[PDB]
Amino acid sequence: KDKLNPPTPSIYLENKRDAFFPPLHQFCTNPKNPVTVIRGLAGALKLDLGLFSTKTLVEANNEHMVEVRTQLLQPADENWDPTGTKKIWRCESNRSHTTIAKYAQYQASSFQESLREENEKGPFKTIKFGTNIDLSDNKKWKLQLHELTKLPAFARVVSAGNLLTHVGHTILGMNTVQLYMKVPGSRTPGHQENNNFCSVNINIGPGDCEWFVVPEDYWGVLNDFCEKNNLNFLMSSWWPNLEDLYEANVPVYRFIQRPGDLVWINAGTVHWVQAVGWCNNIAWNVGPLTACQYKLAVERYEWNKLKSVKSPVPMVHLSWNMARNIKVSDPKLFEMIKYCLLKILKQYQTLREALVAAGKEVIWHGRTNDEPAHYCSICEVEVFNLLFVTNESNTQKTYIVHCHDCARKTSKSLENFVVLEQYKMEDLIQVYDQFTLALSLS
């Protein structure tokens, strides 16, 4: 069925008017569009993609760290076992580290070597992919990061309407820029984004990338394929067999991203990518203030706890920041936030009361302003308000945080721990009570 190979939602920009046009924002965030390809974006803004050329990067910071993935160079859209016998989901991707200057040398000699071959089942060649390059430092990358402020507000790394701007601290690769340096065949295996946030990706060129996209609501089916093939959905590297997806009636969006094209991956959308030519890419995340985005973020946050995986985004901390600082006028979104806050409040109340009733002292610790969120030093769960710290760490003021469960596993009556309280109970109740539905006529 041609319904299993649908057309990709696309917008063709000509000029700055088209880029700043408000229905473009609304199209991208529509939950019915699992992906949007904004074609011609860089040319429309006169973005200087040369600021991200390999030549410019080498001159800017030649020793900057690059994470290298070594992979097999595979035919078209397929993934074969390394003996060339059968197509499988597991794809090998070994890790090491190099510098921008060393990868640059490989990328250039890779192309020259391919030129010479042009002019003059396996087995498969091996290639190297430069990934997760950290462009967070404003001093090191001044002109690069400035160029990205030319984007329309909804797609920027920082903006008033971006939930990740409201977290209150740096989450590397989410509210900072990541760079990728590629050769043909360089593959990003199947995944969803961290805590299901949207992603923005611009191809620097000169070569193309090819993208595969599956809607969020089919993720359970892909999870099943993984487990059936002895792979973890969240932790392992997998490359879907398209004939398996087709036979299971999963629709796959498939398209080419050319230099200057911006790809918007909507919340929770499952995707994997390969370079067709030689190119660089930049990417980051964004969180639109919609019900769909809040729901899918919370859902992945909770799924991560069950799977013993850490959440990079502290949704409890973020939720209180939303109630404090953002006017919310969508009734469905408002009710979601209100529900989540009321649950948090009740959990906190129940724990605090059990502690007091057990004759355990709750020690006022207060909070420094603009202080970030905290996680459990053992299990890496987010920990909110009530912190559990050993007697010794308390005295030494190294205040190492534990969650309640981990402290109790180690010290059965918490006799080895102090309980620190950051937020006055009446504060939290106030913030909650103050938070009401705003009127918008839009």
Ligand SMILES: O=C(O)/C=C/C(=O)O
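Rigid core here is just the name for the largest C-alpha set that superposes within 1.5 Å across the two forms. Positions refer to the first chain, counted from 1. First, how it differs from the form solved in complex with the named molecule.
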The other form holds:
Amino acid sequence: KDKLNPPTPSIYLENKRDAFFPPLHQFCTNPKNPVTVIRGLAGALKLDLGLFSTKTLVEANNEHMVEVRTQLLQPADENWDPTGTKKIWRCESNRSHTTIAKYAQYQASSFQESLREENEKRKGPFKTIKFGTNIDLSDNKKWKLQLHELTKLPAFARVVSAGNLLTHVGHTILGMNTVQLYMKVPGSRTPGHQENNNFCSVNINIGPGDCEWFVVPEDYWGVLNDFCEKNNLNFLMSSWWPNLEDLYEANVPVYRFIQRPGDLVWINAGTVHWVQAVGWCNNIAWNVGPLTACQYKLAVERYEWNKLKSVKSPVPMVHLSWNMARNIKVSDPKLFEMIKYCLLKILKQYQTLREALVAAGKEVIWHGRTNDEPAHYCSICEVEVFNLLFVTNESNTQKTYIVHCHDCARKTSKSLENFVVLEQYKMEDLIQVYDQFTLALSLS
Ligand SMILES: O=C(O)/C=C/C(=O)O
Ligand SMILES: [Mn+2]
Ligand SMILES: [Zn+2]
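Now show me the form solved in complex with the named molecule; what you just gave was the form deposited without the named molecule.
Full assembly next; the chain just shown is listed first.
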């Protein structure tokens, strides 16, 4: 089917007006567009991509950490087993560390070397390549000029903005409300994945080479999950590179396109994607959470799905929901009904637990909270723990406050005799927030 090769939702910007045009924003966050390619963005805005060139990065922080993925240089859009016998989903992607300076040396000498091969004139076996990924650009002191340049983007695509859910989390979520950098050679692959908790993502290619993108709409993610399971792979945790022939056979539509230097790629919520470098280039990326019913729903879904799969959620959706209710006027009836629903559920579960504890003679200790204090996760199972924290007698005394969830505390200490129950919010206070959370009127 031609419908299994859909056209790419694309927008070409000429100038700043195009970039700040409100219908651009609405196009990207529209659930019907799994991905939007904003062509000419950097030129439209006069973004200095040079601030992110390898030469500049080395000059700025040459000993900065780089996660190295060592991969096979695979042909086109395929992934073969090392023997070259058949196409498989699993990717070879071994991990190590290096520095910007050392990777830069490899990036440059890789290019020089292929120039020489091209002048040598005239199934694998496949060559090995290294991909510099997930470089952490959160530190404003080390990256002042780089991060400042990205404030020139229209508000909806910025790392920080009043309409960004990840800004309302109220604390750093590394790589999500901070910028990540990628340094590449041809064939460098970001394997198949959805974003953390299905949040939208922004990716800008720095150049000078191209990247090639593969995108599958969110509502087909279960088909891919089955493929992973049938091929002995964890959809969330394993490295996999889809066989396009498998997908076509399974009637899954695949968006395919080229991202050129200065092109911004908008990945909508839950959109499945994988990427390979075509030439030598850098990319930068981060997440954004638009205030839409769709984004909140998909984020909640992945949050719950992550519990079943024993995988940590980088976004604390309980902490976030209360912050939204405290601080955001919500005018979309659907989104409002979703948040209200979640808060009511949280509240009921918390009240239920609290009265189990009180009825069993367990003391609830008032503990309160520092402001801008992150959400807490269970030190054992890594589930988010909200409000009632379970801390051992010893950690309490030592004031190290090492957090456990209720189930993990119980599993260790049958009657919780080894724990204290710390409470970060009065119930009256949470009831108030919930009762004052009502639908704001907007005519938009
Ligand atoms: O490899 C990259 O540049 C990006 C991957 C992603 O944004 O998902
Ligand atoms: Mn991604
Ligand atoms: Zn736990």
